[PDB]
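Number of protein chains: 2
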Amino acid sequence: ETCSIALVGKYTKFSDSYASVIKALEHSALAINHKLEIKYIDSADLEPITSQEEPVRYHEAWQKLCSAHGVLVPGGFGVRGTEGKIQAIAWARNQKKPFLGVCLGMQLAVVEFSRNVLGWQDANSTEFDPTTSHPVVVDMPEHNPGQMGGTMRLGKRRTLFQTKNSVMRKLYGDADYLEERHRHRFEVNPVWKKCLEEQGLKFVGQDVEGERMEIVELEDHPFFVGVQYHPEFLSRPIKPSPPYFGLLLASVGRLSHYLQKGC
Amino acid sequence: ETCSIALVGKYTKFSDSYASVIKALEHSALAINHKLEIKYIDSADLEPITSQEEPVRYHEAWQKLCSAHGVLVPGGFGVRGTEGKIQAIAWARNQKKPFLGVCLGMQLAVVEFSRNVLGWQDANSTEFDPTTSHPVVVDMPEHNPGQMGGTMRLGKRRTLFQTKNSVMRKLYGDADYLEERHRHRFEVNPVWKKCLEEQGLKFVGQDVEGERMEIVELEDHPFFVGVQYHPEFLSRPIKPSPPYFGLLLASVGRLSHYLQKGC
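Residue numbers (UniProt numbering), protein chains in the order written: chain B, 297 to 559; chain C, 297 to 559.
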């Protein structure tokens with residue numbers, strides 16, 4: 297069968313911007329031996345602005361979104377489509393659709409959670425709103441010596457698991473730590489993390505310092521995870537990265553059997 | 297070209313419930329020599345209940361609605377889909393899409409107008425809500441002698457034009473009056489008609505007594521009319537009835553030329 301995934305984003309207008317991302321998905325598709333459809337949904341088309349402009353595209357986008365087996369909100373740049381992106385996120389969370397967010401997507405997912413769970417509707421990313429009542433996403437650059445100002449976190453870095461009870465950890469193979477590609481500047485405000493700890497939004501991965509959050513796994517959800525690091529760079533046809541493979545498995549509704557079968 | 301019309305309704309689930317209605321449309325299609333698509337949109341699919349249930353159908357319905365060239369909200373029975381029906385009406389009014397309402401459709405259109413123009417959001421039909429703050433649609437049956445209780449208005453009755461400046465009148469041929477099929481029980485509450493007279497919702501057709509309203513033409517709209525009477529019964533291939541022909545013409549964006557050309 298053809299499993300379809302809703303690529304939701306900005307730069308998502310078809311381009312090869314996602315060539316290695318789709319290729320990573322292909323690695324998983326080959327492993328599982330299924331077919332793969334990449335839907336290209338401009339997140340903007342998910343917004344009521346579009347409804348006002350061309351509601352054909354508006355409803356078409358959402359129709360496609362629902363028809364997708366899983367959804368992917370990758371990182372991206374620009375305030376554009378943030379609303380549609382978050383709407384898609386909330387949609388997937390409510391509908392218990394396999395959700396993978398990467399970087400920005402993870403960041404927005406946390407904001408979405410705060411807004412529609414903690415009620416902090418004014419929660420926001422300082423990346424786009426400096427006047428945020430609950431600065432969820434905050435600029436946390438690295439300040440290495442010899443550098444003027446901060447710098448984006450980039451490179452192969454080590455991420456530590458905060459717990460054994462982690463689906464991703466299991467997918468990785470019960471590793472105490474993992475090393476992944478990094479490319480990202482904004483991080484979780486710990487001021488609110490602590491307000492998310494009693495919540496079912498659990499943060500699983502952290503940098504070595506134990507400060508920056510890299511993995512989040514929403515509890516009580518078939519598949520709703522977010523990562524900051526970029527695994528598509530390391531995924532290979534032989535060794536596919538697990539967040540895409542796992543997403544695929546969830547998109548299929550195989551994942552539980554998979555793990556049960558023996559991972 | 298194929299001109300499509302959005303049949304919005306209950307009983308709209310495909311059936312031949314609308315065989316003479318579509319046939320009337322066919323009469324117009326033949327006159328104009330164009331092709332005709334009948335979309336069958338369950339008005340229920342236009343409601344947020346459906347969004348909650350199956351948003352695929354929800355967005356699909358609205359996608360189809362937008363893709364339609366004109367819309368038809370005919371009469372019908374039952375409270376079911378009233379919301380989606382009204383939503384479609386407001387949509388068409390806002391989007392300036394050719395709108396023809398018949399009986400219930402006309403009735404709901406008036407309510408919609410009151411709600412979203414007069415702000416009388418609790419305006420309603422007493423047919424379904426006896427506790428209505430602004431009883432727009434009220435039960436006004438005929439009370440003929442020998443009858444116990446009232447009766448539905450039914451039969452070929454004469455309708456009088458209230459004005460010369462009427463698009464429909466022009467389509468009819470400047471007739472002082474018209475005789476049409478009737479089948480309907482609820483009427484416009486005159487208590488609010490008088491509040492609609494300073495409005496751009498103009499009532500053009502009336503029964504002989506000058507009490508029951510039969511034709512309404514929304515001003516400043518390419519085509520937004522409602523009738524109580526049922527012209528599809530009298531439409532013939534040779535002499536197609538004009539509200540369907542005119543609707544077609546509007547759906548095409550020919551109507552102004554048509555009248556200009558000489559009607």
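Since the hints were derived computationally from the structure, they do not count as laboratory data.
Hints may be right or wrong, so weigh each one.
You can't tell identical chains apart in this list, so a pair holds if it fits in one copy or across any two.
What the hints assert, rightly or not - Dumping the calculated DSS-like pairs for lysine-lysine here, alpha-carbon to alpha-carbon at most 30 Å:
#1 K360 / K460
#2 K360 / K331
#3 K335 / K319
#4 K498 / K452
#5 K489 / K319
Here is how each hint holds up against the structure:
1. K360 / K460: neither (36 Å within a copy, 49 Å between copies)
2. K360 / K331: both (17 Å within a copy, 29 Å between copies)
3. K335 / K319: within (14 Å within a copy, 40 Å between copies)
4. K498 / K452: Classified as within; 24 Å inside a copy, 71 Å across copies.
5. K489 / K319: neither (33 Å within a copy, 65 Å between copies)
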